[PDB]
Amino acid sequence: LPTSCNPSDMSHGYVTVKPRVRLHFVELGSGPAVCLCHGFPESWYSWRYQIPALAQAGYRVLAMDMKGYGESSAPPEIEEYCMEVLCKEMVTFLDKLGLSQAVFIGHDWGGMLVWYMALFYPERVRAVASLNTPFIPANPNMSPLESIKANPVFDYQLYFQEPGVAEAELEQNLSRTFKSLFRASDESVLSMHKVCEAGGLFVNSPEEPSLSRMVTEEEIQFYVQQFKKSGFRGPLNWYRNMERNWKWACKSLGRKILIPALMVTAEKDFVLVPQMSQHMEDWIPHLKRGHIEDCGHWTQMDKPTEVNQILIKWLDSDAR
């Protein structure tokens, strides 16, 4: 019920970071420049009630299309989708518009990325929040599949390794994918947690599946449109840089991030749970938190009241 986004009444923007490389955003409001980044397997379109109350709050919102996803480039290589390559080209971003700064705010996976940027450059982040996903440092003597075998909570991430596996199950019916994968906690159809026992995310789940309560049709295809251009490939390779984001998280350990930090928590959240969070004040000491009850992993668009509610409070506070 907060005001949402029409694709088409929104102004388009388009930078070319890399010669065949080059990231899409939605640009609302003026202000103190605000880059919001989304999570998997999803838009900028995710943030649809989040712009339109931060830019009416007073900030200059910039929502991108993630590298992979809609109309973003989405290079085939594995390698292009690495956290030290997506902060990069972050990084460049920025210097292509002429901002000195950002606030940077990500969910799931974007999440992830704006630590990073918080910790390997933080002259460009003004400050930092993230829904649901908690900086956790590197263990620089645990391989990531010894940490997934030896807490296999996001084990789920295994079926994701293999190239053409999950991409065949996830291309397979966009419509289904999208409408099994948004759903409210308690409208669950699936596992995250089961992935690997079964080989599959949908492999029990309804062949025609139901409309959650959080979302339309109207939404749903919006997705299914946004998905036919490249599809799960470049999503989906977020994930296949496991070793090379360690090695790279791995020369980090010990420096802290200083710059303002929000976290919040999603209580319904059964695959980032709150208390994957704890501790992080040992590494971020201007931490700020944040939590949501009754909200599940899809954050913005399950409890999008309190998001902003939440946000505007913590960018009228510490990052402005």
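Numbering follows the first chain given and starts at 1. Heads up, when I say rigid core I mean the largest set of C-alphas that superpose within 1.5 Å between the two forms. Compared with the form deposited in another entry:
- Taking the core as reference between the two forms, the lone member of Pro206, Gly164, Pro140, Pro152 whose Cα moves by 2 Å or more is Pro152.
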Contents of the next structure:
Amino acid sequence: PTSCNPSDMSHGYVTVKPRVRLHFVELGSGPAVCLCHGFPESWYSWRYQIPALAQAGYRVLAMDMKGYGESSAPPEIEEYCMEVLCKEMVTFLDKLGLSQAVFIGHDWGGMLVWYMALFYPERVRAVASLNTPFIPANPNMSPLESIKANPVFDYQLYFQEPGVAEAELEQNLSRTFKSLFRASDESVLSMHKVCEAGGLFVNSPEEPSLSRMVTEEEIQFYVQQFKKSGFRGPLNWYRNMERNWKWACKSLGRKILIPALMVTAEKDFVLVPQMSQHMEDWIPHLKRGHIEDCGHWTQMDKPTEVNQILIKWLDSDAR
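Same protein, the form deposited in another entry this time rather than the form deposited in one PDB entry?
For this one, just the chain is written down, with no partner chains and no other molecules.
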């Protein structure tokens, strides 16, 4: 599928707060579709979707989320809680003069678009998440109790204290992204042996091989971007579990009423399909997509399939 050359794009910048400006890439005409990547990614993670959606009749805005790439990376950890992040995206729409947009996210980005749909449905024409499900906040279950429940979520504990995961992730960026951006069958990480035996990459190859999903050129683009601000800002998306929990609790007792799409990935072994089992009771107008042989990095892994699911869903529920 057609990808993007970064220098052949239109680049947009919007100031949402005094020292915070968001950067995005824009292509196409028609209804606005805002794409929100996950950790640790970039607008470039949507490179196979951007020209496909534009060609289908949509105006695509692919974000560099806060902390990433050309967007500002404020130092404070609380700048990366979901409450602040969502209101900045509302300001973003305001500054662009957009009454609403379609929101499509993946990973942390998918969590963000769910909460955009939940607290600002007025500004969200339609919402779609890849991998990330919407589970209502349990006001009786603290976040630490639920993380320290399912063992696959232990890498988030290693991500908590500032400076620790930054050091491992920044020490060699080419190794970091070549180790992460892999299909499920090529995976070199055990996300559970994380917090009692070194770190993320302690038992990974020092010079890992290049996944079938990516070229060397695409690895070096990610490498170049995370040389701008490093991994602190991206990691701070994990370091507000308790505030996100309290904020999410303030909405308990309301459903998401707008058109919605949930796309699950068979081989995403952390955000497993089954975690989405009962979103129908909270999201009455939910449509579904499901992709076989697809790991976590869904847009890179199965670009054709995701393109067909999104366009099919946009043409029937967003327009």
